[PDB]
Amino acid sequence: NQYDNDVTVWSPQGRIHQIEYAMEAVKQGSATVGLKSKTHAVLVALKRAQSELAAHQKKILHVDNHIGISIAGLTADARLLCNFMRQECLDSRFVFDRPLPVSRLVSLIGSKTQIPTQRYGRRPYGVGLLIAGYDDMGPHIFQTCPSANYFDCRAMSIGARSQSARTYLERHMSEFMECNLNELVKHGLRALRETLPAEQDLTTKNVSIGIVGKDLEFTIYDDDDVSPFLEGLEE
Amino acid sequence: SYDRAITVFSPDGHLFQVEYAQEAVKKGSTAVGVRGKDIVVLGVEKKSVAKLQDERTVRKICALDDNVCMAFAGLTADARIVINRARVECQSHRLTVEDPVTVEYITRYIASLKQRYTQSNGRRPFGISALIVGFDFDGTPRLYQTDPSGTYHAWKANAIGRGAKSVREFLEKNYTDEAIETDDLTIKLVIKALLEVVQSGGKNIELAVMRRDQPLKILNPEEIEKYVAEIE
Amino acid sequence: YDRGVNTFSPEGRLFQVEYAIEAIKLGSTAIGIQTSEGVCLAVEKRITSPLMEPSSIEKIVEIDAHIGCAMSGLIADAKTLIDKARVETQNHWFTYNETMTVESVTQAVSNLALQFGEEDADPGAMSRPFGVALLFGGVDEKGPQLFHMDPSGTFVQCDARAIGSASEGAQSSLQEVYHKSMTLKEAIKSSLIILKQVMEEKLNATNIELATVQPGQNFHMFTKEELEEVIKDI
Amino acid sequence: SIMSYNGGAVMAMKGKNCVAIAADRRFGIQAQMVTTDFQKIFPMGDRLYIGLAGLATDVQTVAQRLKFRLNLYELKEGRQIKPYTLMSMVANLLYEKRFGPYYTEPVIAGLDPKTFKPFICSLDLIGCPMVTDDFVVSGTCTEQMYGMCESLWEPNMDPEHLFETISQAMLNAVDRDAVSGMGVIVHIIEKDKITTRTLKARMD
Amino acid sequence: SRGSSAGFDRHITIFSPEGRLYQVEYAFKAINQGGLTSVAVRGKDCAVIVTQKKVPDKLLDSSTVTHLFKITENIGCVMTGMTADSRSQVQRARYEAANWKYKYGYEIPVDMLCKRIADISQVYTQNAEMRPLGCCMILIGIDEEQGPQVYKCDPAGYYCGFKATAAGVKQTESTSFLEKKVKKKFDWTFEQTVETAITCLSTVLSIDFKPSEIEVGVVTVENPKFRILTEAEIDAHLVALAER
Amino acid sequence: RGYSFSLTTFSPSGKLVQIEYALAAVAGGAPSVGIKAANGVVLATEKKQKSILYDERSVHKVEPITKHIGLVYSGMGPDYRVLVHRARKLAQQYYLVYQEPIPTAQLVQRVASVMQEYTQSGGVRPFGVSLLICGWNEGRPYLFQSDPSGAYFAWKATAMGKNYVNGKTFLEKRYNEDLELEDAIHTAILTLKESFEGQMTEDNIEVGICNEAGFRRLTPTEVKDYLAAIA
Amino acid sequence: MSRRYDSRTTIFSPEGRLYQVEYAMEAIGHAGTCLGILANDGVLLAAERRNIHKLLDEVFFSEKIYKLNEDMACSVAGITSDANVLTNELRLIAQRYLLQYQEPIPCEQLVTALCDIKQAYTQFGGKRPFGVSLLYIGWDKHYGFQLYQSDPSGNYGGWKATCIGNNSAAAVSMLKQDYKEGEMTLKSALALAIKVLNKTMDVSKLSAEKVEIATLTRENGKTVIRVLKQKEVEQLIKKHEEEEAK
Amino acid sequence: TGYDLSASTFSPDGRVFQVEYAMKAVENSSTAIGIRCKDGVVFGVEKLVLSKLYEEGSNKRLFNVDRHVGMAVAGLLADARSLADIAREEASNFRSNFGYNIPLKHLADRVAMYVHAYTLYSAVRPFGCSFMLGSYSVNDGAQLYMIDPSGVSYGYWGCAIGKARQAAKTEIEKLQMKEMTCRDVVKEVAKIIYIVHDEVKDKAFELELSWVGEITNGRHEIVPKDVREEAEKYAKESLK
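Protein chains in written order, with UniProt numbering: chain A, 4 to 238; chain B, 2 to 233; chain C, 8 to 241; chain D, 2 to 205; chain E, 2 to 245; chain F, 4 to 234; chain G, 1 to 246; chain H, 6 to 245.
Honestly, I wouldn't trust all of these hints.
Said to hold, decoys possible - Listed next, the stretches of chain G that the computed footprint assigns to chain F, with coverage defined by at least 3 CB atoms under 8 Å from CB atoms of chain F:
#, segment
1, 65 to 74
2, 77 to 90
Stated by the list, open to error - Computed cross-link-like contacts, DSS-like style, restricted to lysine-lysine with a CA-CA straight-line distance of at most 30 Å:
#, chain 1, residue 1, chain 2, residue 2
3, C, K187, A, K50
4, H, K241, H, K174
5, E, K116, F, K159
6, F, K92, E, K181
7, B, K174, C, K196
8, C, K231, B, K174
9, E, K226, E, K30
10, E, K54, H, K168
11, E, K54, E, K184
12, F, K70, E, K30
13, E, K104, H, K168
14, F, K227, E, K184
15, E, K59, H, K57
16, G, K141, D, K68
17, F, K92, D, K68
18, H, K43, H, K183
19, C, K91, C, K239
20, G, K246, G, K195
21, E, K182, F, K50
22, E, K45, F, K165
23, H, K206, A, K217
24, A, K41, A, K217
25, A, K189, A, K208
26, D, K17, D, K83
27, E, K104, F, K165
28, E, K54, E, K104
Hint data in this document are derived by calculation from the structure and do not stem from the laboratory.
Just so you know, even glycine gets a beta-carbon here, dropped at the ideal spot from N, CA and C.
Whenever a hint applies, use it, and build me the whole structure from the sequences.
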């Protein structure tokens, strides 16, 4: 019981409990998915409603023209990382005058989220992320964690009950490469419904998406622009 | 330096340090005040007088500026600070705004100090409840009360410190519009108010008055004794 | 007491933030409502004694000409945000020469909600989160807007909200009586009808306060003379 | 230079068992007088004085720092300050300012509290301690006060002769200085007592 | 008291009811955890270090595993204690030895290098933020005035030069043999010292060390530079153990 | 950074718990006696080793702070090297400003104020060393005792370490005025003989004196001269 | 930072009274008993000495009676260690006042300047408070003679006659009965302080070594702080001892 | 009872537990090995695939600290990416200060000191990452240095870090690697790993290897496609 309260205290098993508890913060929030073809990379985030009267949180944030993120975790805590990511992408266009490589941008997050896990008296950022981007090496989908360990992934799902959405992405993995703009998005939309119970369906209000690709900059479709993709998909 | 959370929340949502700070006020020296027409009166009881004390240095009714005075009930070590911090703001206001200090303006600044010291790293909440009184421009009397939490209100009549509950029970009944018509009955209302906290005593009662542009005036034990002579 | 301010509970939520929301339940009831023609704001003063002056208690403050506000919970903690929100609105009007939208105001105050911390901080950092929940009504080029803020730093757009001592009792009856295009004068009545029952002391002109804002008219608070006609139609 | 703004003169001459310090009374700005009441000689306590010259700002600025540091030293220690220790204090005070020096040339005169032992010295802008067995001078007229003190000074003198010697030393040296004048104040430090006299000098 | 504990005394370093410091007591036990021993004997013209060298696995490189370091050209070192803490102080000793020559402009003496190291281990004792180091340094060397010098530094901060030292698992017993030969006061030469020093370890451990089981650093007046004797030079002294 | 919170706090009884135990460390240290008599102040500490392999010239308890001041200790050994290195700077910082050797009264005042800083400033324990500072100034000797609390006294004769209670009792019945520095060294060593057990050689006892000649530590050959019980 | 080791010296109690302040007053409760009496002419301080032995030198000064300024002095009841920190602060405060305003510091101004230092340590910083409660004497150009008593919490006030330290409660009850407002003279005040102590001394016979008196008078525009030598102290005792019978 | 709560405390037996606990973080990590030969140094790593969703090559455990220096980590990969970035700062500070290739013996010191500075205080936690550093130079030769959470550096002919050690450290002893050539070592490295790797808890992995030595002219590289395929097939043929 004494090993729990501090970040810098190990255990007899070599497990840091606070970093484990910070992983629970990701499971406490809405599920998000994303995947990439040979060209496009699309994030699909489920905007959760506090009530039917109140509106929905924004789970997708712009970073740079070619880069976008889907935040799952503490909402105001993700705006600390998003503000860091926007400054790194501006400093890349201000200095090198080139779009920042996505594999570099995720490495800077691994350096920023590593420090609070190392030092006493601080907490690890409780936000998981999916960074979708496009660069000279092709589209990328990167998962991060509170533990600061970042991955390189074809498709992932984070958030509450994300394991089921991950299972769906594995079966269709072979088809993800040749999908066009429309069909690619439909793969992610079919993943979200698996996370939520059948008593709730997908609507124009509670689902937001973003798309980055070869000739297309990262753009967020809010509500009315989500409907044309929602239509044509059987539930 | 030393940076650590002293004031923190609780499973019931209560702040312990802020509630325990108000416990210091809950045993004070009882301080009261009322508002008249052109006059406003403050009063305080001192049970600690052994006749060996110097009454002038222990006075708990101070003056922040020409147009504003104040009292307090609580731990006296903390009042010197707030007062010396408030008096700096009064003069820095006249330096920023050539007009004098509004009674409300100095009550905000006293409250903004009791806030910052609640949320700051490695601090302690003040244990004083200050009662501020003055005349705003156009000559309207104003009476305020602060809180160790930083919450300031206004009052027509008020009581703070030990036994402040029983005093309000007398004030709420006997405060009317037919009252506070003359400067004497306004003072006679304060002395009657302290009768609930009288120990079979009252030679220890301290009073202060403010009228129009005239500065604060503290009544001597002789002037108050004449007001006490009329009871029945 | 054994558990820093930044410690995560095993459930994945910060203690101090979990406890801060427990402090909103002790505040005063504040009811915002949004309408295509404006935003209405009403809050209970909670007068604790006859000798207290009701005119000195203002729980509805004007953040800017186009933006109102409301507060519940600790009133002391609200002043730090309100004085910060007013600076950010004027910083925007000064720099970009335009009225800051209600959206950017919340992003200004919501950034300060998680700034609390102990080590690796400045002398200006805070040891605890704010115990206050704010409701920003306002009108911009996007029309009348109403937002909600909690200690966790999450700002949420809303058509209407209820905060303070009873949120549940008010939110239950508020979602019902609020329908679509319903205008200001109808909203004010529905706001008081909810508010009059959820409080304890009877409805008086000085017992509670009321505010409103319109697209063509600056933020306005109804005086006692105007409220006496409004409470007459209850 | 800058030290010639307000002018001023300070002199100290050591006798046998006694010392004497003198300075003029004039306060003025360049070519214009203001008042004759200015004080260039300050008490350090019994049988110890210090003069100050140069810019009149630093005369009062450096002095208020010495009574600041002296009273701290005399309260910490159980004894009065030795005049030799005070020389090193003012030297350390002026040297910390090396790159923004006070403009002044302190002149210290007094008696060793032990028994009879007299002590005098002078300093510079940077505060190089300089101990002399005869006399020290500082000011804009310093060049004058050298020649006067050279001829008049003798190895051992009783208090009566110090005053006559230091009086005519200042009065004649100041009359040839334009920015100094308006009366002279002379202090006499004996073992028994202290004699202060303000001389009647040419007003000019 | 006699071992009574009050509050946090046994966790950080603060005085207990009996006045002791338990954290420093346990630092002495961190030396015995190294699982080895070391002996440095000071002869007339020479100061010899004999270290038990354990290479249990054949994959372990023998050239990279040594307890004999070089602090500066004329000052040798042998670190008995936690291997992690050993290279911590050696890197710090080399900085202090080089900083000494950047300020004072001459090679640091052995006695004053143990003083600046033991004074740093005093900082860790008072400050409750951090623990003391668990390594015990033994320095040898020759100063051009006092000749051969053998000093020792405990983690407590108490440094004392010895005639003959010991460290690690076997110390008291290893010193009991050193009391026998030093009291007899033989004539100490370079060959006479190394033969006795190696015998000291063999008497305690009952081994008769092989050439690859030890490494011997030596410093002499003729050879002021610190040198490590090669396996061939070691075996030349091992045949003398067949003799006397 | 480090701990900014004070490790010393008032007990419910009103007595500081840290310092109370710091005085229990000096009770079990090396026995140390000193005497202020006539023109000098003698300081005699018993240095008792466990072996014949320990080199004596390497380590000395008695240490000079400056020419006119000297210092011994009873308590934690390593902690003593921290004060000396601080006391030697305070004597120099004084000598730079005032260009005279620091008087013992002013040094013990500043040294004991450093020992007060660690009874308040956070993240540090108080010293485990109870000093004896001998000094000679203005023809008047000075013998002071600074303890971990920071409260310094002025003693004619005092004893520390093992059997310090039995040490002071032997001082009262012996110590007097008109007592030469000679007899002081004699009476100092006689006190240790009641404390120390076993034969006392020049290696066992370490003595030093402070007088008009300045503070000097006696060499083992000179200490052997006093071990004859003459002088 | 390891809170575990933090004792939280600045927090309130459940009843709203700082612990480290109350425990500091019990440290002062067992310290040396000091008292003071304000008369028509002069004010005195009688300090009891709790360290007495044949081997003590008594080299410096009054031993627990200090001098803050030319016009002021103080006694000390509490931890002897922490008093030397305050005294070095009070001597800086009076000299910073004299630096700006070039006049002696009034007693009201110096006391409230130190109590701000006793607040910073009780309010914040986490460091322990001061275990020293002080008495003050002095004269100023305005209110005349002054007698002030602070505490570890920084709460001071004026007093005509007061006491501090061990048996401070039993002494004040004696002053209240004997002390007459405006009728006390320094000759009648010294005879009063001795009668008060002789009852409150834990050791009888009232030796001249234990109690030492310090008086403050103003003469010829100069404040005179004198510590009565053991000769004159014993003379006052014997004059008081004959008045018990004869 | 409280002695293990911070890295600033000794147990009553003298052990520092918070450092011993960080070592167990490596004991549960996957196994990585390294080997020296006459020609150069060869690396190998078992990189476990936690899900098919992960791209091939993700969570790469072989870091390039400098052109001529390779690195292989076993432990918590979050702290490893901090070390690899800090090890690059030391190689770049060396390149800036001394203007040539950093000798591996010195690079395994500065890094093993930084790993050590976090075992002293109570405000930080020990690294849970154990890692080895191989390098080759024509004027030096094959060099391999392991660093552990405590900051201990040893040279090795071959070593095993992570979960399986005593099993892998016995299999390396049987073969004599001193006179062998790197091209024949690569085939033996993969042979050792598949013998060491047994599937009970975990499922699948991706074999990673590295060249540094005479073949690469001193520049540390991953094994090229054809050679990696040439080497992996031999270990499968030799499997039975």
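Verification of the hints:
1. Figure legend: the segment 65 to 74 of chain G, annotated as covered by chain F; annotation inconsistent (0 residues with Cβ-Cβ distances under 8 Å, at least 3 required).
2. Here's how the segment 77 to 90 of chain G fares: 7 of its residues keep a CB closer than 8 Å to some CB of chain F, so the rule of at least three is met and the hint holds.
3. Of the pairs offered as hints, the one joining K187(C) and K50(A) holds, with about 22 Å between alpha carbons and a cut-off of 30 Å not exceeded.
4. About 21 Å separates the Cα atoms of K241(H) and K174(H), which keeps this hinted pair within 30 Å; it holds.
5. At roughly 34 Å between alpha-carbon atoms, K116(E) and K159(F) are farther apart than 30 Å, so this suggested pair is violated.
6. Taken as a hint, the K92(F) and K181(E) pair is broken in the structure, with Cα atoms around 45 Å apart against an allowance of 30 Å.
7. For the given pair, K174(B) sits about 35 Å from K196(C) by alpha-carbon distance, which is inconsistent with the 30 Å threshold.
8. Taking the CA atoms of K231(C) and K174(B), the gap is near 26 Å; set against the 30 Å cutoff, the hint holds.
9. The suggested pairing of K226(E) with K30(E) is violated, with an alpha-carbon distance near 33 Å, which exceeds 30 Å.
10. As the CA atoms of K54(E) and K168(H) are separated by approximately 27 Å, the hinted pair is consistent with the 30 Å bound.
11. For the proposed pair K54(E) and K184(E), the alpha carbon gap of about 28 Å is at most 30 Å, so the pair holds.
12. For the proposed pair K70(F) and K30(E), the alpha carbon gap of about 41 Å is over 30 Å, so the pair is violated.
13. The straight-line distance between the Cα atoms of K104(E) and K168(H) is roughly 49 Å, outside the 30 Å bound, and the hint therefore fails.
14. Distance check on the hinted pair: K227(F) and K184(E) sit about 22 Å apart at the alpha-carbon level, within 30 Å; holds.
15. Distance check on the hinted pair: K59(E) and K57(H) sit about 40 Å apart at the alpha-carbon level, beyond 30 Å; violated.
16. Between the alpha carbons of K141(G) and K68(D) the distance comes to roughly 21 Å, so the proposed pair stays at or under 30 Å and holds.
17. Pair hint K92(F) plus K68(D) holds up; C-alpha atoms about 26 Å apart against a cutoff of 30 Å.
18. Taking the CA atoms of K43(H) and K183(H), the gap is near 6 Å; set against the 30 Å cutoff, the hint holds.
19. Distance check on the hinted pair: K91(C) and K239(C) sit about 38 Å apart at the alpha-carbon level, beyond 30 Å; violated.
20. Taking the CA atoms of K246(G) and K195(G), the gap is near 15 Å; set against the 30 Å cutoff, the hint holds.
21. Under the criterion of a C-alpha separation no larger than 30 Å, the hint pairing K182(E) with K50(F) is consistent with the structure, at around 25 Å.
22. For the given pair, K45(E) sits about 38 Å from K165(F) by alpha-carbon distance, which is inconsistent with the 30 Å threshold.
23. Taken as a hint, the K206(H) and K217(A) pair is broken in the structure, with Cα atoms around 41 Å apart against an allowance of 30 Å.
24. A threshold of 30 Å between alpha carbons decides the hint, and for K41(A) with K217(A) the separation of about 9 Å falls inside it, so the pair holds.
25. Note on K189(A) and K208(A): the hinted pairing holds, with a Cα-Cα distance of about 17 Å set against a maximum of 30 Å.
26. For the hint linking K17(D) to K83(D), the alpha-carbon distance of about 18 Å falls within 30 Å, and the restraint holds.
27. Distance hint between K104(E) and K165(F) is unfulfilled; the C-alpha atoms sit about 43 Å from each other, more than 30 Å.
28. Using a Cα cut-off of 30 Å, the hinted pair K54(E) and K104(E) is violated, with the two alpha carbons roughly 37 Å apart.
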